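J.: Each chain, letter by letter, is given below.
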Amino acid sequence: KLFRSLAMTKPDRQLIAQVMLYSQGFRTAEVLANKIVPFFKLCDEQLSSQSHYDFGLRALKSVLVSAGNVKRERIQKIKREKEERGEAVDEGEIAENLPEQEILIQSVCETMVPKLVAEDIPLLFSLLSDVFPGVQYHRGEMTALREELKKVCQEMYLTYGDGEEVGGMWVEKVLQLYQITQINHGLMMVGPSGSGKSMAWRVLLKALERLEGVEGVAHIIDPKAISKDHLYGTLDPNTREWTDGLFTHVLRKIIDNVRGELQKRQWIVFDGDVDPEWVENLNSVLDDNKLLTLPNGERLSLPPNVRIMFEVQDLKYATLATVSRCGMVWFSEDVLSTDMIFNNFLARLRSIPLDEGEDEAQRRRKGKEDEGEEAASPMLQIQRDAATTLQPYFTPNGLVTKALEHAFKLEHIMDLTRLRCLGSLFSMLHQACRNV
Amino acid sequence: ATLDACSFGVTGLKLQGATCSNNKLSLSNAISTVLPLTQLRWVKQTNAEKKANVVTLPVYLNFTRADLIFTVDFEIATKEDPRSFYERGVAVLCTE
Amino acid sequence: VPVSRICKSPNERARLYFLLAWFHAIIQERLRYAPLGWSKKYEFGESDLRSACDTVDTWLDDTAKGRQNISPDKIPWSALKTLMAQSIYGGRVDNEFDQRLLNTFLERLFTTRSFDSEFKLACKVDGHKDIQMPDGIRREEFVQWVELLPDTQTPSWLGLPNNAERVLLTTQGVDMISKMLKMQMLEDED
Amino acid sequence: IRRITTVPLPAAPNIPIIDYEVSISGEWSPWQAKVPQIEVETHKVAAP
Amino acid sequence: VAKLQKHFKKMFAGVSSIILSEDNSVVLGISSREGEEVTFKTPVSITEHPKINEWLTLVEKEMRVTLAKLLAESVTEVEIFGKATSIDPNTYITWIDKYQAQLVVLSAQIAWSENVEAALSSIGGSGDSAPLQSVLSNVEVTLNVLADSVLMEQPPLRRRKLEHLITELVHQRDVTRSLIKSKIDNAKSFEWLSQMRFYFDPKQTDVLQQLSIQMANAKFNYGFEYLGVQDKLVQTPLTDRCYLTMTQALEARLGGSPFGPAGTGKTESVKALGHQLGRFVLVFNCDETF
Ligand SMILES: Nc1ncnc2c1ncn2[C@@H]1O[C@H](COP(=O)(O)OP(=O)(O)OP(=O)(O)O)[C@@H](O)[C@H]1O
Ligand SMILES: Nc1ncnc2c1ncn2[C@@H]1O[C@H](COP(=O)(O)OP(=O)(O)O)[C@@H](O)[C@H]1O
Ligand SMILES: [Mg+2]
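Residue numbers (the deposited numbering), protein chains in the order written: chain F, 2034 to 2469; chain Z, 4551 to 4646; chain H, 4164 to 4353; chain X, 2518 to 2565; chain V, 1647 to 1936.
Isolated chain F, as found in the complex:
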């Protein structure tokens, strides 16, 4: 009796998009709004339902703000390019002759495609072509980072491709990871097991090491293996004294910078399943506050060098509050083809001596190519010859591939994963050359 009720069933998406796009300086806002608004609902309906997808109005407004930022970046790019030449500059004149649809579709793709599953990306591109006809999103070219990726991949026995090749998707995904790390201060990789997310992150860190001349440090923590009290540190109920947890210890170590950690770049990677219980304290850090609060009452300010990262097979038990604060790159299982893993195996055989163990592991980095060390040991020659015998059967349509595809049809008591079988096979072949 005391409250008047109002049905706010359906907000006006079109006019909100119109006003926001006009606020960012877009010359055409009516057509862009009337296109983008139905497109988001089309994506919501057509694409397979997943927890991490978010086509609500908050996502739309963030996408439009990103589109405005991209537009302004393009204005500044054209302005500086003309200024380095001899020209007369006017911001409005430059902004007049630009495609707004290209900026908007670029922002939409840059914000959505990293989250997209491999099954849903071609559907999304079909929808985008339908709503935005005759407009295509060409990925921004990062030549220097791609060259460093090539160098590190050859250094770490990994395949590299320039897109639409063997390994193009993985290169694209690590580039997207770089983009999300640049944008956000917290991100996740949420692929299935055996998709190269941890390898992609390692390669990215070791490539930015060369690119930017900044030392990359990794702090890998399994959060579920350790208890929450040890993870975040627990206050003694009596005889008051603070015991820093592992994560708090790492944060305090970087904050103090005894060994100049502020100069270096450090990434904390929570390599384990995400749960609501151990991420409550991390919500404040992952939010825009960037502040860890503890029961001790201390307030640790996350410095800009830190980047809290996540690896999860899935986010089935992850709260939406945790997913919203973090960026995300979904590493679908069809990012790592069988050919890439076979190439990794055959490359590891040809250059890693199989008996020398760990003492010579450090010497791998002493030589950038290990010239004059082709005959490091007779073991290297034997396993190189073995790789030569084994290469015809590891092809993209060889014996191993057909055998694996047939075996996937067979029922196994334990779940049959690709990399389990492949690692078993590689270990057996290792033992074969050891027997020789």
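No lab work stands behind these hints, which were simulated from the structure alone. Any given hint could be a false lead.
Claimed, not checked - Each computed EDC-like pair below joins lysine to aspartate or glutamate, with the alpha-carbon atoms no more than 20 Å apart: (1) F/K2184 <-> F/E2174; (2) Z/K4601 <-> Z/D4617; (3) F/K2399 <-> F/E2248; (4) V/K1834 <-> H/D4220; (5) Z/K4600 <-> H/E4259; (6) V/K1652 <-> V/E1682; (7) H/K4204 <-> H/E4192; (8) F/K2094 <-> F/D2321; (9) H/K4203 <-> Z/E4646; (10) Z/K4594 <-> F/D2163; (11) F/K2094 <-> F/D2123; (12) F/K2034 <-> H/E4209; (13) F/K2112 <-> V/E1799; (14) V/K1865 <-> H/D4220; (15) F/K2043 <-> H/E4259; (16) F/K2349 <-> F/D2087; (17) Z/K4594 <-> F/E2063; (18) H/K4244 <-> V/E1837; (19) V/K1912 <-> H/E4259; (20) F/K2043 <-> Z/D4617; (21) H/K4171 <-> H/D4298.
Knowing the structure of chain F, use the given hints to seat chains Z, H, X and V with the ligands on it.
T.: Below, chains Z, H, X and V with the ligands alone, put in the same frame as chain F:
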């Protein structure tokens, strides 16, 4: 009736509160009338003024009218007020 | 409604109340004939009626400024139509089509032509007859007109077609048999 | 594998391929040759 | 006093901290999360009012007084742009920089409301639509200036101010176009009364009954609570309906219940309505943090 490239056939539609003759509605006392093969045609949105003899009926999922699928614009056969269709609660149901 | 509230000046107020009462009747009885009358059963209760009465009182007090009479044109019809279309009764309405229906009812009733002696509250009642506005101005005249209304009411009073009744009964008819099916064998265990 | 492979396999009909080991020399050899027939003490007949 | 700086976000709407003298004996102003600062016209002397409650009450009083006194100057300056056929972009950007986002949007709204009121009074039953056309022309000129300025590279705070001004002026343009189309010719017509209106009376001595915000029956006063650079809401017709019904309920002393599916702007619309009237809103979440 041949379907154009942009026309799709539908069946099983029921028209509550009206009869459709010559693609024009007329108020009827029948509870429901079975619509024959209905051609849904998508056309480029021409800048056409909304005619005064056009009524925007709903297309509900079933007789409960809990879920609305879409809306259809129909022309009025006689000089009847479109408001009479709103007062009469004229509608369309995908299923009875 | 208290008698003093309706009897307050200007003299036109009571007529508006009658219209408001008629409006509150027409939406309410129509809820019986859902889903035909409305898309869903809304809670058009007495609180909406009191809010509408307060709105009418405030607007007529503002417009008249104590005058014993105001012309029918000077009545703020737009304010009443908008408020009872969006604030009082329209707040509960979520379907756009029910909102359109409420707008049609308010535009048909709340207008200057309501004060004409020839106004028809419900046209083509039973397809042949009509219901005329009372020609009085006091509360007692409207109350007597209500008391003198026919006892035989059809859906055409509310704008629905007569066969709507024929629909409602058969719904209840099915509601009978299905209910008896829920009784057929929990009592009977042979 | 016998259907799609070019490598020769054991040429004994009613023996699975898994029952064969690959000797240090290239040729196959049945596992049954490498399993001795032993004699157990009467002391530990059920808990060896 | 430094230890107190973290608790202001719980007590005040936008005040994230208090600017203090080097010896921390006099409070000179307030600051937001975004760094926007309001400098008090009259500083609060902690030494003369040592008790925490006393000088905090004086800080609240001086916040309200200084916000009203700066809104007065902002309206006085923006009246020139309201009556001008052309707006110099440099002067407009200087005015935007000189004043806070809240006072900037309030000054724009006050100027538009007063101009439309004077226009509708001037037409006065003659049917001459020239004054409303002039108002629409001025609004469109300001929109063109803002659209040109926002494409340029701006500081973040000024960019937020420009975005807020554009979001408000688009709604003002739409409302003026609706009034012209409907041929409204009297200030007391409902088509103008149903739109939210701002009446600033600088002559009022009290500083909490100077700006009056009116919508249909409801006649609120602007509580001069500092809100910082808040996120403005695109005034859709649904949000306009929400504002109308919610102000009607407040005028009738009833409570408000915007119900609907998730993510439809309900709580944000209520927050925007409360911030438009300057009243401290406090959203209470109801998901395992209650
Ligand atoms: N770019 C690549 N080229 C070739 N092989 C690769 C590449 N990236 C990864 N692999 C192979 O895939 C294996 C699995 O990748 P990675 O070590 O990143 O594990 P993961 O996908 O995170 O899986 P898990 O769920 O087991 O942790 C690597 O050990 C390597 O054998
Ligand atoms: N009319 C509108 N104008 C601008 N933004 C809106 C509008 N309606 C909704 N939004 C955005 O959509 C989001 C909806 O979330 P919120 O209103 O907080 O909770 P809910 O909508 O679920 O009640 C908000 O963050 C808001 O920014
Ligand atoms: Mg991993």
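J.: Determine for every hint whether it applies to the structure shown.
T.: Each hint tested on the structure:
For the proposed pair F/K2184 and F/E2174, the alpha carbon gap of about 17 Å is at most 20 Å, so the pair holds. Distance hint between Z/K4601 and Z/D4617 is unfulfilled; the C-alpha atoms sit about 27 Å from each other, more than 20 Å. For the given pair, F/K2399 sits about 17 Å from F/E2248 by alpha-carbon distance, which is consistent with the 20 Å threshold. Distance check on the hinted pair: V/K1834 and H/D4220 sit about 17 Å apart at the alpha-carbon level, within 20 Å; holds.
Taking the CA atoms of Z/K4600 and H/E4259, the gap is near 18 Å; set against the 20 Å cutoff, the hint holds. For a cut-off of 20 Å, the pair hint linking V/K1652 to V/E1682 stands: about 17 Å separates their Cα positions. Pair hint H/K4204 plus H/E4192 holds up; C-alpha atoms about 11 Å apart against a cutoff of 20 Å. Taking the CA atoms of F/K2094 and F/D2321, the gap is about 17 Å. The hint holds against a cut of 20 Å.
Restraint check: the Cα-Cα separation between H/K4203 and Z/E4646 comes to about 17 Å, which is no more than 20 Å; the hinted pair holds. Taken as a hint, the Z/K4594 and F/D2163 pair is honoured in the structure, with Cα atoms around 14 Å apart against an allowance of 20 Å. For the given pair, F/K2094 sits about 29 Å from F/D2123 by alpha-carbon distance, which is inconsistent with the 20 Å threshold. A hinted pair counts as satisfied when its Cα atoms are at most 20 Å apart, and F/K2034 with H/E4209 qualifies at roughly 9 Å.
Between F/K2112 and V/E1799 the CA atoms are separated by roughly 11 Å; this keeps the pair inside 20 Å, and the hint holds. As the CA atoms of V/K1865 and H/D4220 are separated by approximately 17 Å, the hinted pair is consistent with the 20 Å bound. A distance of roughly 10 Å separates the Cα atoms of F/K2043 and H/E4259; the hinted pair therefore holds under the 20 Å criterion. At roughly 15 Å between alpha-carbon atoms, F/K2349 and F/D2087 fall within 20 Å of each other, so this suggested pair holds.
The hinted pair formed by Z/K4594 and F/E2063 meets the criterion: a straight-line CA distance of about 17 Å does not exceed 20 Å. Annotation: proposed proximity of H/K4244 to V/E1837 holds, straight-line Cα distance about 12 Å (limit 20 Å). The straight-line distance between the Cα atoms of V/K1912 and H/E4259 is roughly 18 Å, inside the 20 Å bound, and the hint therefore holds. Taken as a hint, the F/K2043 and Z/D4617 pair is honoured in the structure, with Cα atoms around 14 Å apart against an allowance of 20 Å.
Distance hint between H/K4171 and H/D4298 is fulfilled; the C-alpha atoms sit about 19 Å from each other, no more than 20 Å.
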